[PDB]
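Coming up is one lone chain in structure tokens, specifically the form deposited in one PDB entry.
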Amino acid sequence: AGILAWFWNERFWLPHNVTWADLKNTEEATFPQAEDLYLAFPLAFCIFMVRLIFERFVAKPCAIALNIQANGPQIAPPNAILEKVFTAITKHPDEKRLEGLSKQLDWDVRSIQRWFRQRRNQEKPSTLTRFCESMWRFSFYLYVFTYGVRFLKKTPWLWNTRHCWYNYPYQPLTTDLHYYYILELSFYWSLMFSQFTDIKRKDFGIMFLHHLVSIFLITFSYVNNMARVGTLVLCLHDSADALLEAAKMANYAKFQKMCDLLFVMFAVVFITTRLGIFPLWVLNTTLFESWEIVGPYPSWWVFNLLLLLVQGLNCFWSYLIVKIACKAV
């Protein structure tokens, strides 16, 4: 109890001359509260179950109708030395590792590379599950982006970025903003539940840090009444995530022309939104306008660094994209 009071220091989060007692829910006005963010976990569980239903009953028949391979991986040829190396040394040999294995086994590099690729495919999930997951991600990202566009088209802060800090902290909470924030937090918690359980043996790096940072930002911005600028970030970031899933779906059906086109479009949208628009527009409204209109708050040192972290992430992935696009030309 006392440690929670220490953590929620009103002189750290809220700006000068502002107390939590000012943001309590009164008769005529409703303000966002931390207690409203507990529904996110139940909604994430409901989303997880709906995802399971969609994958097994809606995506699998479509994959069957599109000649996706319904069987598992292939079987690697038997080899004692290769099996010992795969179980002991590593699972994804590099060029130097392939050369060393060829020297040790006195075998061609192509055969060892094919054997290790087959073993990796055995360890990797089948194409059917990846296709179903990509279809679910595409549908959810398209819904979220469309709802965000419909919500933002009427708001006064999309055109002028100095309207997110208009009457701070006295900005009432609307149904649309609450629904958008709860839906986003629920989706991120659903991704969490899916990753710590179903995929605890797949990936736990850049996308787990990305998820954690996104949940951190969404929660602490919602508690701090700094949510008008968060909708612009959520809608900007979800613009490009609806094309990568379509490109993956085109890839998994062995369509390379559509996959190449959709990936050139995803690359263009990703670069334009997350390298040209995001820093100049959102970090402008965040680093300088927020501190000018709202005043000196210390939470700014936490929030901008995190957004800069996100920007670093979204610059690494863009190098990864610029080379694939070079391969796609």
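Here, rigid core means the biggest group of C-alpha atoms that superpose within 1.5 Å across both forms. Residues that one form lacks are left out of the comparison. Residue numbers count along the first chain shown, from 1. What changes on going to the form deposited in another entry:
- When the two forms are superposed on their rigid core between the two forms, the C-alpha shift of 2 Å or more among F116, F131, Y180, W189 belongs solely to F116.
- The rotation of the smaller rigid part against the larger one between the two forms comes to 10 degrees.
- Segment displaced between the two forms is 73-123 alone (run of at least 3 consecutive residues, each Cα moved 2 Å or more after rigid core superposition).
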Given for the second form:
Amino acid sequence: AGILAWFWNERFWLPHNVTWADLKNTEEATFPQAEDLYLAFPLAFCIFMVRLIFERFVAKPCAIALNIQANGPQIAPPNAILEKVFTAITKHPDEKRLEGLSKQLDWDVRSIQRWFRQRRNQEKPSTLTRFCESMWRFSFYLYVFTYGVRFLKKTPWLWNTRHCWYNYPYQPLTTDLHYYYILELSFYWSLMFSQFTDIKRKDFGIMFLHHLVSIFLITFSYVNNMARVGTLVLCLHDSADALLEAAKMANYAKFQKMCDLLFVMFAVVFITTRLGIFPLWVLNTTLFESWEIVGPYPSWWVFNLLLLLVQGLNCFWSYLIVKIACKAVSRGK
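Which structure goes with the form deposited in another entry, now that we have seen the form deposited in one PDB entry?
Chain only, nothing else included.
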């Protein structure tokens, strides 16, 4: 209990002269509590259960009726040198490596690229399972974005972001905020469950770090009662995730034109909402307005550093997205 009391120092999180005892629930108003986050763990499991049903009785018949092959990817032709290079050298050879392999094996570069793509597909799961997972993600993201838009349409701090900090932290918790935060955290914990235990042959990369950062931000902004700006960030980030899954579903259905159009639109929305609106609208209120309304307290630095890390990760993702979308634009012409 000593270590927990040291971690939850009231002079670190809350502003000056504000104590946790002032945020206790009474009959006058209710405030967010850390214990309310425990409920995110059972519901997450329930969500996972529902996901299985969605992949069993709903997404699978739709994929079958879409002429999606239920078997595994086509087996790449055997090659000792190619297999050794793939296992040891790299999985995505560069132009120089491809030229060297072509010269060594007296084979066309296109054949080597096709073999590498086939090997990568063989390592990756089957197409139908990915289609079902993308369908589930698309449905959830569409519902969450719609709910977030409907909820923020009436809130007073959407139009004037300074209302996020005027009465902070003495801002009562409503049912809509609680439901929104619990739903988001439950979905992220469901993703963590599907990543850790469902199949441990998956990859821990940048996406895993981004998920960890998102979970940390949601948890410690709900605990600290920074939910008004959290909802803005959540809606802004979930705006562009409803088109990526649709583009993936179109790609897995062998619809070239539809997938290209959907991905171009997704890239436009992603760039607009995570490089032009985020730093001028969300990073404005959490850096400048918060400084002049609330004041400098230690948790401000931590949260702003995490937001800058999120901005950097979004820059990296946007770079990859535009690099891929240039090929789609070229093909569309």
